[PDB]
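Listed below, chain by chain, are the residues.
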Amino acid sequence: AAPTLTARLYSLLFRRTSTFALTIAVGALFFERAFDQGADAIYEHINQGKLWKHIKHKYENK
Amino acid sequence: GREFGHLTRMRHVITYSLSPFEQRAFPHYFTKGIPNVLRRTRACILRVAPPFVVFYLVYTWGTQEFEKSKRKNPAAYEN
Amino acid sequence: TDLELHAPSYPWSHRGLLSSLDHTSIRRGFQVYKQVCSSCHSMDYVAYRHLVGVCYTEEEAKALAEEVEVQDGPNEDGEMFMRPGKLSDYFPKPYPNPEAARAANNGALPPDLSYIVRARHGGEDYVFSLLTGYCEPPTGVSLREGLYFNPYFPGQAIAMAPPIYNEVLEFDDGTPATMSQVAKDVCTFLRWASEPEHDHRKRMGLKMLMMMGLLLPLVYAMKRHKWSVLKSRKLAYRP
Amino acid sequence: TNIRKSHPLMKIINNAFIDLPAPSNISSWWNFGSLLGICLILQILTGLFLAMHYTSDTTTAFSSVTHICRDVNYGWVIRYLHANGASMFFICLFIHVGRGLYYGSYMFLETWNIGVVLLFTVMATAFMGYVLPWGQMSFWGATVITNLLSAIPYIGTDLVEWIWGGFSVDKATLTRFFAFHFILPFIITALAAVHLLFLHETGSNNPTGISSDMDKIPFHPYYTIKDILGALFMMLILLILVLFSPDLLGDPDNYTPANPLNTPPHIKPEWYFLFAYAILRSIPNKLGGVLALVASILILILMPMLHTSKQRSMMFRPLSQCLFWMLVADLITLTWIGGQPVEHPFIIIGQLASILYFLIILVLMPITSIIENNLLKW
Amino acid sequence: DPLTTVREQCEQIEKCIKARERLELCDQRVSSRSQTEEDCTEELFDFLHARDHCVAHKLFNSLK
Ligand code: HEC
Ligand code: HEM
Ligand code: HEM
Ligand SMILES: COC(=O)N(OC)c1ccccc1COc1ccn(-c2ccc(Cl)cc2)n1
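Protein chains in written order, with the UniProt record's numbering: chain D, 2 to 63; chain A, 2 to 80; chain F, 86 to 324; chain Y, 2 to 379; chain S, 28 to 91.
Treat the hints with care, since some could be wrong.
[Claimed, not checked] Each computed DMTMM-like pair below joins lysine to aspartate or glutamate, with the alpha-carbon atoms no more than 25 Å apart:
| id | chain 1 | residue 1 | chain 2 | residue 2 |
| --- | --- | --- | --- | --- |
| 1 | F | 319 | Y | 216 |
| 2 | S | 91 | F | 257 |
| 3 | S | 45 | A | 68 |
| 4 | A | 73 | F | 87 |
| 5 | Y | 227 | A | 4 |
For the record, the hints were derived by calculation from the structure and aren't laboratory data.
Kindly produce the complete structure, drawing on both the sequences and the hints.
Have a look at this one:
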């Protein structure tokens, strides 16, 4: 009866609910700068060649 | 004065419960849930729906008779 | 007073839910207001300040303000003098009063345009369909001194001679300046003017849909965890 | 020695939200009471911003609002949060009233009567907020109220002149409409604490209409996590209407400025007043039309007296369920008629639907409950 | 220049020709007698509404 990989770190960090009181602060990363994969790479792909920083090399260093 | 030890009188009733960590949070979901939400739809469809059908027929008669009272004039438009 | 003609749906390049505006078609459409008009229309809510970063950099922008001459205030050892565009200036009105306005146009004042597509029931599809929809007055419609028959107008009798035709203008990078191309660019203008928050509104709406695609299935399974005690309970009656 | 049962401030919170006995079969229709408390708080922390940058006069009102969407930083998001947040308040209010009408919650007499006062106060507040931006719909909508407010036979002509700032359309009109709009949302916040103190004497009703004292559960954690999930689904719908179509609920003619310049192509208010504008417009008398406007909201107070059924709710009453949904379809008709011009098919329809709204509540509903009483052999 | 040629083939649609022909059938009805104010703004609205629908479906490809 080998279990699955849901014993994540339950015996290591999550038992004594020390994590739960401060996940607004401590467990808070991986979801602003790791989501450069998110909206900005999607939004500029639907609007390729239409934003200002696409038509930009045409009008500096002239 | 409405607190839990002072509510009502009860005799001869037994309840059994399981811990939330001992059970799966998603049991039968499409096996039980889809046949359940279909007979709930059948039980209430003859009470709720026939009023909103009569609103639809009055809305279509009211917008179509508005136009051919106004500037839609094929044949009543002579001397 | 009989019926009205409503504008059709044109497939604009900003019509979609995550679509930006074309920032080359605002530059071409600013000059359809600047050099083909402002002889009737004021646009008293947009400046030469708000054009930077949308369709011009800040030089190429001040030079269009140091081209018109408007009256500044007074200065001592003198009186009311002239000093042109100080980088933050609204667009110049043509008429000194509504008294002199409608006398120049046979009893009608052409309105301001800085909110004109937000103020009509067609958006920027209405402005396009009226600029390029002129006809001749049909049989029986005896119109007076100042009435040109436009079927996309309330009352069929706008006091507007047609303002644009083939090559009233030529653009800065080279573009065939036909009449529909003139009107399409000025209707990509006057929508950015009414709604300058357009592209910021849709990019912020994309991060909202991705964060609530995380929070919502996770609050729901937390609710599902507490309520499973009551959903699994059994009852028995032994009198 | 349990601190949440003995501290003087903590034990008030514990009896109200934590250890409160609640029925176990409460549905999602009981979510909209805490949603109304979220919408009222949100309209206060957003009306802060707008009244800061504001000037209310006949010469500058239309431009004081256009200054915020362009020049004032984060002003386009906060303005359309406020205009759509008031449409969200009114959809959460009509669901809330229709719940208590369907399940017989009006038998809680003191809680129901404070509710009818709350329905009048938010309706009069939002009327005095749409007059503030000063466009065509602000002018011609305000100047049909005073035609029926000067129709009061004795005091009415000096009543409207006392609230118009002193004469007519002028600078000080929007100093008494704006005063009657800054301060009325705070009488609502005090009337809501009294509203819940009367409900605490009995607890909540439930969808079966039977008392549930043998099957109570604590409020925490079962309905604290269920009210948080329902509030998250409300913020998703509100931010979609703000960030993807912020002018869907609105009128373009209120972007045309206010002036007695020219008669507008139409006159219509926001969507949540269209049922009331359709009723008074179908009465050709400015005194009979102002009486049937107040009689369309204060008719809710007669609902405890008109009850003739032996059961409380409508869960086991199939003939009464048909009449409840005929009343909902009658209010959809009045919302459509109230945005139509006054022409041939929309006068005979708009005045027969004004009759049927009063015929269902007063006559058809008490007779049908008696017929269902006889069929169950009581 | 692209509009004046896109508008040309949009008239030979069968939904647009029978909106055109009884516009011109009523032309010799107004200038015939003196006892009339039978205008031709109804007959021309159905022409322009049937025509400008198909123009919007095709005009924006030939632009920008
Ligand atoms: C021949 C002078 C003149 C020219 C040039 C002109 N207009 Fe007009 N237009 C008028 C007049 C006069 C009115 C107001 C008519 C009235 O109010 O009865 C008007 C009205 C309008 C309206 C309102 C239409 C309506 O339904 O109320 C719009 C929009 C408009 N003009 C846009 C433009 C644009 C864009 C341009 C630049 C391409 C332009 N106009 C150039 C004369 C002109
Ligand atoms: C600002 C307005 C209001 C607020 C903040 C508010 C708040 C609440 C809350 C929090 C509850 C308890 C939870 C629930 O059952 O949803 C409740 C219940 C109730 N409300 Fe309101 N309410 C408001 C308006 C009204 C109105 C307009 C009415 C009726 C005309 C009304 C009548 C009732 C009734 C009868 C109940 C008890 C229902 C039951 O338990 O079955 N309230 N209200
Ligand atoms: C129950 C709460 C409220 C409701 C239903 C409400 C409703 C409204 C409505 C309908 C408008 C018109 C918006 C528009 O037409 O564009 C508005 C704007 C306004 N509100 Fe409120 N409001 C509430 C709370 C407040 C508060 C708490 C304040 C002041 C602190 C306030 C002050 C204003 C002002 C000054 C405006 C004008 C600004 C503008 O039009 O954008 N309101 N509100
Ligand atoms: C958002 O504001 C509008 O919709 N307003 O007012 C500026 C408007 C705008 C144009 C035309 C008409 C109105 C108002 O129409 C009605 C119809 C009924 N009420 C009403 C008001 C208060 C109370 Cl207590 C009860 C009933 N108002």
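How the hints compare with the structure:
| no. | hint | verdict |
| --- | --- | --- |
| 1 | 319/F with 216/Y | holds, 13 Å |
| 2 | 91/S with 257/F | holds, 14 Å |
| 3 | 45/S with 68/A | holds, 21 Å |
| 4 | 73/A with 87/F | holds, 9 Å |
| 5 | 227/Y with 4/A | holds, 22 Å |
Of the numbered hints stated above, none is contradicted by the structure.
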